[PDB]
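Presented as structure tokens, the chain that follows is alone, the form deposited without ligand NAD.
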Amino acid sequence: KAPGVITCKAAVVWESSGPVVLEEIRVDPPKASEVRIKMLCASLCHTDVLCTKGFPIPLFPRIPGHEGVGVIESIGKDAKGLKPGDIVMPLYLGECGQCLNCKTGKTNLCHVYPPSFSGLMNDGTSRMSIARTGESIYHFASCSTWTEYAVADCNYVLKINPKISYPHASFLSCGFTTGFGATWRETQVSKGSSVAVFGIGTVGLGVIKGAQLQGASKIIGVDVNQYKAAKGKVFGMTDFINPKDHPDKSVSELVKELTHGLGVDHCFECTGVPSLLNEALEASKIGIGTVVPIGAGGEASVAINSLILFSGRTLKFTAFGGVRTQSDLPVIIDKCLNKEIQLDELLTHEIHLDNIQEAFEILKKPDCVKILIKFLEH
């Protein structure tokens, strides 16, 4: 009777740009409006690298990770229908549906459930401890995933179909879903339009497969790596551009060559490199172009050419690709049940949490796209 304290393993980082030590932690039971999760899958992202380097807010010790999927192990009072056994996916932000921003239908940034950055629960305390010393550990985003057990608020999790493959649901927790949703929530790629995707990572592959299903004629993929060029061709990419092959020319005028000088209709910057947002703007059409800066950079500011302010383009800032976690997100997950979008080519590497120090150097490999973290039940 009544759930209790859970002890398990987790990935913990103690300093900025420091090592990720696997620690024996102590997870408290879930209190009011909270649920406890047993992790099934996890994944990496550049955001997780920013978390280990103190960006945006340096909080330590921390259990990184935000991409993942799990099963409800225990619930508190007022779990809003959530029960043990439900396969849930952590959310970057909820959707009450009744706030001023949710009723407009033009944004996914709910006023009641915004993204979290305190690294703690709503009551200012942490559910997770160090089983040896007792130091409370900050979680990440709204729920850490690089841990065997985690506690999260019931409004920051989404109950999903028990049929979806658990690696697939993890790849839909952040990267691919953000790139997919950006092609019809922030800016709407119409039939027979030009689209240039800067950086063909898991976020870029979502935009490519996104622009195809909407009917984009030209889908330009601009990445440093030939290894990722082939994986873009499978999701519907029409043209490819490599900045190394032409050092005298910039990426902006390289896209302007394949588009008859006009540029593309929608640019999706997915790398976060500071020099590339200015190239994304110049790559879009004059007057009717649109740029969606999806990639996140590690520095506090971003510079834009002052003459672009006269170019009449549209700079649509975004979070989670504009996907509404309660309205639009379940629509994307069922598209892998019908396999309209198929996410098998995303997985390239696989590790277990015991070798999570390995994952940071694995993501540096040129042939790397997605890293899946599994948990051995022992």
Contents of the next structure:
Protein chains: 2
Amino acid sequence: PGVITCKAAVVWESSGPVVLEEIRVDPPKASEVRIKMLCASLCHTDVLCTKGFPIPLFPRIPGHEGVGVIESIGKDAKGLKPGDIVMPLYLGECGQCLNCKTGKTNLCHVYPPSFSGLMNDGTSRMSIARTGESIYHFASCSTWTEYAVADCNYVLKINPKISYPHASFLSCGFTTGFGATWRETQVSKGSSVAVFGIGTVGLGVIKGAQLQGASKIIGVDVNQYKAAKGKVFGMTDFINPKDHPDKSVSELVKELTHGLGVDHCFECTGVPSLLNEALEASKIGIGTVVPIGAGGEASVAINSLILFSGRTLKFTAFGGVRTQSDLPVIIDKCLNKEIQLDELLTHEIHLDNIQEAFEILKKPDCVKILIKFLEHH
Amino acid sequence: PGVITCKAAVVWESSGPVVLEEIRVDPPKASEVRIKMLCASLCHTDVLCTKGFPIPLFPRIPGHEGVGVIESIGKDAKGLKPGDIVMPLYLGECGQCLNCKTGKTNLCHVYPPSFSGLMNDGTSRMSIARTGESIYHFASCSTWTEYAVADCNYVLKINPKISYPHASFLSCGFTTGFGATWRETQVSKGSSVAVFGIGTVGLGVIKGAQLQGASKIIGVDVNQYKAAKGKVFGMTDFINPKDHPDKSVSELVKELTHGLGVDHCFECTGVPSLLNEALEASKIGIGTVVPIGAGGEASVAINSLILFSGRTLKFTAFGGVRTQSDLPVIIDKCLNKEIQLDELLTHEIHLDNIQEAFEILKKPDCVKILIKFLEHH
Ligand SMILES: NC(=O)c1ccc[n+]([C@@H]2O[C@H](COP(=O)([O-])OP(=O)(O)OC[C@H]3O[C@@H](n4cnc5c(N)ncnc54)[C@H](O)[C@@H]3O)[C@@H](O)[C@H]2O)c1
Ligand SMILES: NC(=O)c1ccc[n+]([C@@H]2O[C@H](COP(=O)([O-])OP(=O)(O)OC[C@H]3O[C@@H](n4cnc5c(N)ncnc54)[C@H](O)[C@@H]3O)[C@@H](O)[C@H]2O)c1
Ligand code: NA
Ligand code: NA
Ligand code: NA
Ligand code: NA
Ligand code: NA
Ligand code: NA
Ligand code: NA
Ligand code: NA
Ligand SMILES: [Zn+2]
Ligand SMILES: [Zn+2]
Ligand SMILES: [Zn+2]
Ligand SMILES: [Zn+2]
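Moving from the form deposited without ligand NAD, what structure would you give for the form solved in complex with ligand NAD?
Now the complete complex, all chains and molecules, led by this one.
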């Protein structure tokens, strides 16, 4: 396989437009695979990338959520082959390092997250066709591009009868929330759960809590449209903070839990002040908070009195989901329809219309946006 | 028993002197006991009280650490009787509430910490003899006084052959650190531990970690005098941050742990910036931090990137030690000499010389100060 010429969405400067460019995609080197994208999606992490956060690397092809088919492989691709359906991964799972051997973490020492925007050898496989200028990728694999190249340890081969839109959603937020309910804290039968923020992450928490038999599942969101979505996934109670401007969120949760708070609180907004509220909403002595959302600031402040309260604060990436061990189990639940993801899909666009996605995500009835591709002939 | 006239150390205003006053101590009411103090001690929490933190309640008799003998009892004193040796408690253990039934917490719903400086009925048992002016107590029992009155649920009857100085030290810091090594995080055989701050709290952590079979126990302190004390209690490695002003504490710990950090880090200084360092010094994915020390500020800041690191942050009061279930076991280890506390005792004063304690605590060779009392005739 030679160099492929295709289209990709490129951002050239912080807060600049995302524009369609003709690019070249080099063939995969050793331990790489080249993927034809089947569909993609978008979350807040992609928006941050267009503003140069965390690292301003430009020009850049955004996108980390999606699914594709292997078009070609380098040497030593660990059994991957053309025609396999794969989803890109945030981090790998070597199964042999000190962290993998514990069974207690998904934070593999050997395949950790990357922030370089480049392949393992410090070069890019993607370049502007007109100039040859090198383009940074996003995370371990750009998905807003007709073709991408990834390290074989950062893709997961998946069952080919999973729907591609649903696999795209399981490559990030819903899986993060769903997995957190047994990998980061053990939601048990009869326990109480509160979920701050009812986007795809919070909907994953809600469904995970429901499948674990939580008997009270409180969703909190300022967007009233989210209440019906939460109910579909198992939410038992809804709080809109804007209905009570003189009450704190933790006060409102305690009102539903006999003044005690919940066993497990999941922070799925990223709003910095809501970390403190999540802690105050969980039970003294036996409550756990998992802060999934990110606020993008330098540090986050915790009321110093919470340090005496016996609560457990469990830090977390990708919901504690191990990407080779646990992620296939979640996909299988989707295949077997134990989880139903159709209600996540609210909007569809094609890649040429990528700029419209940044307006669509502001709409109150948006949950997940699907990005579709055209075929070359 | 009538009203007792005795001496007590009183602070009249924030940052004022601590002065000996003649006071009156009323007899115990229902569910109270009156105690003759045998000895007392001092920690930073008492210093804060003289500066009006957390609540400026004056006039006040400071002191929460000590041991005494019951002089008289109210009705319904739950089996306590004159002549019992008791230590005052920060919080009780009812054994029947939702939190007590879990076995997972010492934060009893029925006997929580008090901040009122007053008895359960909103009055004081202590007053200035010359005026009758009411005096606030400290915590659940003032100890810088020849006689005190406490709610019977906030004292623990102890074995009368325990040494009174050692029991005084076990009423607070050493017990907090020691208990944290199995109640808040489970230090296991062969694990690594780092301890920031080697006062009585950190020395308790070190000894608890040693008894649990931790194979590396790193003590961190800017006071070089503490290194020898740490070694007596089981410390294997010592770091003085001042020896490397261009390296962070977490960097120095990682240098001793193959770049990984420790399984369990205990923050025993209260220095706000050291909470972040404790987290960075613990292992990604599988490390736990217990922040025991208090900084007395409104909030504490955590580097936002730590929220992705898989670490566990376990909040805590009194080291997770349940005051009726776990505290007697710790006392018994002291009786059976499995823990040796003689090295804690560095300075002794009598109550009349209480003002000198605030200078003694600044001395680099101070660990614990014992406060002694005279008898009335
Ligand atoms: N862990 C991941 O994979 C991932 C991916 C993208 C973004 N994030 C961070 O995690 C959060 C959740 O991700 P998402 O895809 O589900 O985002 P989302 O935007 O779809 O959901 C966020 C929800 O929080 C609600 N919300 C915002 N502010 C609120 C407030 N002050 N009080 C109550 N509700 C509020 C919004 O209405 C929205 O429904 C994001 O807000 C962002 O901070 C995490
Ligand atoms: N949990 C409790 O029961 C309790 C009681 C009193 C005070 N406190 C808080 O907990 C801390 C520990 O209590 P303690 O009785 O053992 O206090 P302590 O003062 O006897 O010990 C604190 C030790 O930390 C060291 N230290 C201070 N700043 C440091 C720095 N920047 N880097 C490295 N070492 C530093 C000091 O040298 C000292 O050896 C106190 O500092 C205070 O914040 C807790
Ligand atoms: Na590679
Ligand atoms: Na396609
Ligand atoms: Na998002
Ligand atoms: Na996040
Ligand atoms: Na009482
Ligand atoms: Na005495
Ligand atoms: Na102290
Ligand atoms: Na403390
Ligand atoms: Zn995402
Ligand atoms: Zn690994
Ligand atoms: Zn103390
Ligand atoms: Zn109780």
